[PDB]
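Have a look below at one chain only, the form deposited without the named molecule, in structure tokens format.
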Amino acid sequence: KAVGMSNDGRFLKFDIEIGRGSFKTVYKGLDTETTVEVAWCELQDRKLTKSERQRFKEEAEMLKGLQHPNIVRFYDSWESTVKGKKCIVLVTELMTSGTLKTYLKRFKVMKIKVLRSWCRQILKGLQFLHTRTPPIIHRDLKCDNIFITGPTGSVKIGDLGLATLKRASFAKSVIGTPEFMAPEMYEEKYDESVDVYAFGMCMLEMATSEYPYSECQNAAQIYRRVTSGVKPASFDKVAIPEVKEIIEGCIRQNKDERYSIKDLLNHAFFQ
């Protein structure tokens, strides 16, 4: 039943797989100190670069100290092996009710009251990160890493450390759904405003129930459109003018012209 544990006995791994990605497999686990189930994520160490492995360790140490209602709890991390696999284990608060991505798939639309409340919570989570000293920039905010505490619960932003694997400047294979990112992030030249861009694109997806830029077949075509100011076609499908305006001011090409988080939280839309 237990197929691993942390060196101090505090966390146990079950052989119950609950997510997967290029770099990770996620298992259900247990905090024996509290009795609460946790997520036990195994990062494939051999795929990482030296600088990524260094970064992950530094970021995991700052992560352990963070606490905010709209950020997924990060408990700890260490190096582990099992048979021929070395990994970095990360233990986080278990999220059982899906993500914004799963919500949209299942329920088809997000009603505006829900959009308003959950977007407000995402902005509080980001304001919290950006006001840490020094600021934490998420860098990889998306619908699939904004977790819900229940189908009518609150949202919590997750994967803050995993964002250090975003590999924004890498060549990548043309397979699966091509992705966009903020124009400056292609060159790795970010600040807080990259999270505003990403927030805007998340809101657009919430408002339209589609991933932006589906008209493009690959990430190069997306790159050409994003770095020349061309909006995703789904922008024109946002039915509510107020919601469309907010998106528009978040997803500006030039980072210095985007909304600030303060100005979003102060916007009429958000009380």
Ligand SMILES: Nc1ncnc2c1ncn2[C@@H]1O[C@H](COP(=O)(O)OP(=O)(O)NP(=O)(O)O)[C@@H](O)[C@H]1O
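Residue numbers count along the first chain shown, from 1. The term rigid core refers to the maximal set of C-alpha atoms that superpose within 1.5 Å between the two forms. What changes on going to the form deposited with the named molecule bound:
Among the candidates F180, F147, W118, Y75, displacement between the two forms reaches 2 angstroms at the C-alpha for one position only, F180 (superposition on the rigid core). The two forms, fitted on the rigid core, differ between the two forms by 2 Å or more at the CA of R55. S169 shows a C-alpha shift of 2 Å or greater between the two forms [criterion: core-superposed Cα displacement of 2 Å]. Taking the rigid core as fixed, one finds a CA shift for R224 smaller than 2 Å between the two forms.
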Second form
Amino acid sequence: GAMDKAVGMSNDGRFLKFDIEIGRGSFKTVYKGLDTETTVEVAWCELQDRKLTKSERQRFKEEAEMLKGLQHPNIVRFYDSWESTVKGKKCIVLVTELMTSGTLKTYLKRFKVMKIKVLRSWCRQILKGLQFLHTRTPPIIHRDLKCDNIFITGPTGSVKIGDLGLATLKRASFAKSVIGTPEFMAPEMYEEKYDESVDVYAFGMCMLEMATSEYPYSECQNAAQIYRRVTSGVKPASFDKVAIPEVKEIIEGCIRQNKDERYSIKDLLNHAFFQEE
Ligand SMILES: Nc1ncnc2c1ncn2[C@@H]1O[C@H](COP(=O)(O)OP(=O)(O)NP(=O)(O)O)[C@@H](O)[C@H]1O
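I have the form deposited without the named molecule already, so could you send the form deposited with the named molecule bound?
Every component of the complex follows; first up is the chain already shown.
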């Protein structure tokens, strides 16, 4: 069967690809693969864009080297990446930990609401992962945090942050200058700046999504209206639907327009909402 047809391999024979398509987006196709060295299944991802400039691919090679030496139990593990030659163009392959239980976003669609104990636990694990990344030397900023790339190991398991280090390549992809997902992007990111606090802003919106089970700014007609609102400090309408005042208050501190007024991650971890139990 399916697991007997290895239709691709890394140069070393470590990773094998099976013709089992497990998902597809506009950036990436994901296939089930095998790590022959540990026997664990992995996610073998193939980038849709086969016309990235030499310079884009070179920069990503340097990025993948750093990603390959980072590990934390709340971060989806990055194993390797290389360029395969498929047809007429350089197809980039990434191999990552296989996540078998979907995302926070699909969890919210399935269960409709998140219980406040589950919220607290998962938000705390996201915060530990970000805090790990922010305290490396040098610091690593994710830049593209959202509910869609936060994975779970099971409905009562643990959270892993996905897509670390792919924001530059996602921007290059199809030469479209996509900077991120408007709903989660701090105001300063449209001026081409980022610091650690963009991740605090995005964490705040993830928390807003988990507390309300709706996408932030779903009232907005398009990304332009979101841009205008965020860069004048107009909150998403869902902020007033937040039912737990402590939660509301954390979200408020995370999404402040002025980056310097936002909570630090350490502030967040010591908050009574998280520090309790
Ligand atoms: N490590 C993983 N293990 C298993 N499935 C994954 C993994 N990473 C992504 N997927 C799934 O593969 C599908 C496509 O991934 P996704 O990240 O939506 O694609 P994308 O092209 O990067 N982004 P977008 O264009 O915004 O959809 C989604 O259903 C993901 O849940």
